[PDB]
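Just one chain is shown here, as structure tokens, and it is the form deposited in one PDB entry.
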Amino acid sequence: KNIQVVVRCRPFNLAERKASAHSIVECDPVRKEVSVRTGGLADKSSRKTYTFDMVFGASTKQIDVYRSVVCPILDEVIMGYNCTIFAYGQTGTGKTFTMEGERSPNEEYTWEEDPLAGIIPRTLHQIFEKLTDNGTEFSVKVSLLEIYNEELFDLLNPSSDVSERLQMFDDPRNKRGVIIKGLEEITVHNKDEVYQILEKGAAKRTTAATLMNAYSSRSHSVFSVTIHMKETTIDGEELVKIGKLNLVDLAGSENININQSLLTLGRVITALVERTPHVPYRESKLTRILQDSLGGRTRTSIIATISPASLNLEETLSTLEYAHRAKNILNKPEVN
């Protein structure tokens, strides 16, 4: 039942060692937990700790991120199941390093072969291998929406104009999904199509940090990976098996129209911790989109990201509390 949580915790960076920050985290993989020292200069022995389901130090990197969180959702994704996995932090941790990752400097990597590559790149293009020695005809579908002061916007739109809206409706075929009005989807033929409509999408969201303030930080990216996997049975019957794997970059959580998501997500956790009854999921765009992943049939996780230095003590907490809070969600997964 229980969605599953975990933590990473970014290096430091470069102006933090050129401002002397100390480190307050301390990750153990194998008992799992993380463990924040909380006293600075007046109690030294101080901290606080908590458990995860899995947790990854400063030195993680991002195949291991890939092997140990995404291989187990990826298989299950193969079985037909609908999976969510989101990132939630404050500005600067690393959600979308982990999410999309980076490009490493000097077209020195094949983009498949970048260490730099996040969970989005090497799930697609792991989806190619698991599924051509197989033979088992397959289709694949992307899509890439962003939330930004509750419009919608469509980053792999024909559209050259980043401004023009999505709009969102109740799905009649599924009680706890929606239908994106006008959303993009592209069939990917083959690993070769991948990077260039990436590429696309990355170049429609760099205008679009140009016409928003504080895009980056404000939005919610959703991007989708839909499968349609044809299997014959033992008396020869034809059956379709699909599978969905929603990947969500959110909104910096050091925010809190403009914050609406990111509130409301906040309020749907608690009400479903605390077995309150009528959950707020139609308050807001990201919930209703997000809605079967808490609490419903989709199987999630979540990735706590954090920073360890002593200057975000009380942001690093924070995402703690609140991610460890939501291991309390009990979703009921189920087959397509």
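Take the two forms, superpose them, and find the largest set of C-alpha atoms that agree within 1.5 Å; that set is the rigid core. Positions refer to the first chain, counted from 1. What changes on going to the form deposited in another entry:
Here the two forms are overlaid on the core, and between these two forms the C-alpha of 232 is the only one among 217, 187, 232, 206 to shift by 2 Å or more. Once both forms are overlaid on the rigid core, the distance between the two CA positions of residue 313 between these two forms is under 2 angstroms. When two forms of a protein are overlaid on their rigid core, residues whose CA moves 2 Å or more are considered shifted, and residue 41 is one of them between these two forms. Shown in the overlay between these two forms, fitted on the rigid core, is a CA shift at residue 326 smaller than 2 Å.
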Contents of the next structure:
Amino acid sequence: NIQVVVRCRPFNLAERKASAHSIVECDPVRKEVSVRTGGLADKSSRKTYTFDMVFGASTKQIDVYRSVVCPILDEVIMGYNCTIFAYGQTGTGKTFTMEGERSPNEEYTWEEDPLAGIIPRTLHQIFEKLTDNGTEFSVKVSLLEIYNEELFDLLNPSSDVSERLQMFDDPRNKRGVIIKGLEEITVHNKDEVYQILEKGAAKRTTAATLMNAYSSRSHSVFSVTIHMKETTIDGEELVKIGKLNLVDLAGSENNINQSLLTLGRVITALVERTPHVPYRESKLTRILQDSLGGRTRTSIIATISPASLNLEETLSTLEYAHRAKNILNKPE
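Since the structure above is the form deposited in one PDB entry, I would like to see how the form deposited in another entry looks, so please show that one next.
We keep it simple here and write out only the one chain, dropping partners and molecules.
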């Protein structure tokens, strides 16, 4: 089965000032999320769901990274392909989890910032893990985004954001795709990481000015490819190639998002064991086909809100994530 975990965000200043009370309780021991759905103080109804891990509102980024990402990175380094999705309502912390933010007032360098998310920590950690173990390696990254079923490259320095890319089937791979023109940027060392991310964020701002509600309607796929070579005591070369996809999905909230609709239908087909799985009906599912019932090791981080206002979308996210637990992949 694929791994599914839930992370609740903390209340913001607005909500605190209103003296909001959380409707979500996370029990990491029981690995349970419980949501208050109705009823007064002294008596209530709840809905409860069990996941692979649960992370309550006070969970820090480093603890998400250690619990979830560390083991996945180790499998990437062994030469497996892995994907982590963030799924949930706009405003629940998909981008916070996958990217993170900067601590205010230049308190930290990027490497040491506690608010850093999965992407920067991962890139930083690859260089640390492979520092002097006998494995020669290179790291390449791309950042592809999908908005209104069009493809954009958020790292090509010499293309304007608005040039769409074209996708084709990869002839040497049944079910693989080729994305014509997608830039892969070589990351030569840890000191090259930040400015690469910065250039991405700058292209994203241009995108947002151009395309309506870009940040909530777009899907983004940040790919890290690690090409590895070991030499044995007899001078034989051993090759390993690991790929990690870190995906920040469109907001799940209730205009037409074909890729998000098709993801849900792919999940349904897989869990119901329907023989036709509709991968080909969107760009997102064609690109990530191998992550959904394929040979990639997959995790989903489902993000939720503590706030009573968000009750129905929270329940929808939890039901969707709980169903996805039944997806079966066959890694390597």
